[PDB]
Amino acid sequence: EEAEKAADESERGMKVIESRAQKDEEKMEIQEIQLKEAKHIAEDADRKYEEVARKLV
Amino acid sequence: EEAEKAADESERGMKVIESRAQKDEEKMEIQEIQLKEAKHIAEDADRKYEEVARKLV
Amino acid sequence: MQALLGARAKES
Amino acid sequence: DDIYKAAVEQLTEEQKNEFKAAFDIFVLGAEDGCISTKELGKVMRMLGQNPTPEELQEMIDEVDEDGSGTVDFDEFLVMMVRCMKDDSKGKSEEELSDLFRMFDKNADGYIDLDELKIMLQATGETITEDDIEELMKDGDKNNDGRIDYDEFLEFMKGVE
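Chains as they are written, first to last, in PDB author numbering: chain W, 114 to 170; chain X, 114 to 170; chain U, 155 to 166; chain V, 2 to 161.
These are calculated hints, taken from the structure and not from any lab test. C-beta: ideal position from N, C-alpha, C; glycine also. Watch out, some of these pointers could steer you wrong.
Unchecked claim - Subject to a maximum C-alpha distance of 27 Å in a straight line, what follows is the list of computed DSS-like cross-link-like pairs (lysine-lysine): (1) W:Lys161 <-> X:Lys149; (2) X:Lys149 <-> W:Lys118; (3) W:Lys118 <-> W:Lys128; (4) V:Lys6 <-> V:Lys138; (5) V:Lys138 <-> U:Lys164.
To be verified - Restraint-style ranges between C-beta atoms, simulated for each label pair: (6) X:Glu114 <-> V:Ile26: 49 to 55 Å; (7) V:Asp65 <-> W:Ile143: 21 to 27 Å; (8) V:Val160 <-> W:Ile143: 32 to 38 Å; (9) V:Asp2 <-> U:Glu165: 43 to 49 Å; (10) X:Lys149 <-> V:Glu63: 23 to 29 Å.
Next up, chain W with everything else stripped away, as it sits in the complex:
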């Protein structure tokens, strides 16, 4: 009974973790894809900065 409770806790755990792992994996990929975009916005933000700053110059 305890092993089955453990089967359920290690399996529920695995599923909770798979759910968490998936949430974190999606957040990982979401933040990674969005990081690339945030970096591209930084490149663009720096790019527009340079275009206007260069005009300033």
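Chain W is already provided as a structure; the job is to place chains X, U and V on it using the hints.
Same frame as chain W, now just chains X, U and V:
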């Protein structure tokens, strides 16, 4: 043995996906922090854009 | 490269 | 572009087939049929890695000559294949200066057209006045029809 093995195998499943959640969690935190900074860089670069755009004016 | 590849680099 | 074609004149194509084999081994890692920024990330952290980010964002934005804007599949492939070193003789300063003498036969540090035209005609191969149009855009960085040497240098530095 089957119940305990279910627990043990699901626990190993969990260890791998927990380690994955941890890797994904660390990576999403890294990517999130990096996103925040890439975005803060972008925001800073956008602030600089505006500082230089108003100074361009 | 070779340090990461091995002996697959022979014609060049 | 042209360089691609010369180097393939070195060796043959069955090679390319087995490359494709190596790549079925690799080609895991296109987000967009391209190997772009996130793909650079993916296939490189495949081992937890990414190129020296100068290389990486370089591929992201810059080496886009065409307006590809991104690391294409082609551009990540470009880095990964330009790996093994084979360029010849990259000719440069002291070369290009002694050359510049007869380039700027003017004896002036400012080439005229037809000295270069003579050199072109006497190289050993093909002078497209398309490419001569290129070279006027390039060589004379001043583009005043007369070239100070370093202009001609960067116009001629680093090539076979």
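Checked hints:
Pair hint W:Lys161 plus X:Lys149 holds up; C-alpha atoms about 19 Å apart against a cutoff of 27 Å. Among the hinted pairs, X:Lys149 with W:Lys118 is inconsistent with the structure: their alpha-carbon atoms are about 42 Å apart, more than 27 Å. Proposed proximity of W:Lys118 and W:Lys128 is supported: the alpha carbons are some 14 Å apart, at most 27 Å. Between the alpha carbons of V:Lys6 and V:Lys138 the distance comes to roughly 24 Å, so the proposed pair stays at or under 27 Å and holds.
Under the criterion of a C-alpha separation no larger than 27 Å, the hint pairing V:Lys138 with U:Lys164 is inconsistent with the structure, at around 41 Å. The hint said 49 to 55 Å for the Cβ distance between X:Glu114 and V:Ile26, and at roughly 40 Å that hint is violated. Distance hint check: the CB atoms of V:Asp65 and W:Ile143 are about 26 Å apart, consistent with the given range 21 to 27 Å. Between V:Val160 and W:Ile143 the beta carbons are some 44 Å apart, a value that contradicts the proposed interval 32 to 38 Å.
The hinted window of 43 to 49 Å between V:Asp2 and U:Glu165 is violated, with their beta carbons roughly 24 Å apart. Separation of X:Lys149 from V:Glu63 is about 25 Å and conforms to the stated range, judged on CB atoms against 23 to 29 Å.
Consistency with the previously given hints fails for numbers 2, 5, 6, 8, 9, ordered from lowest to highest.
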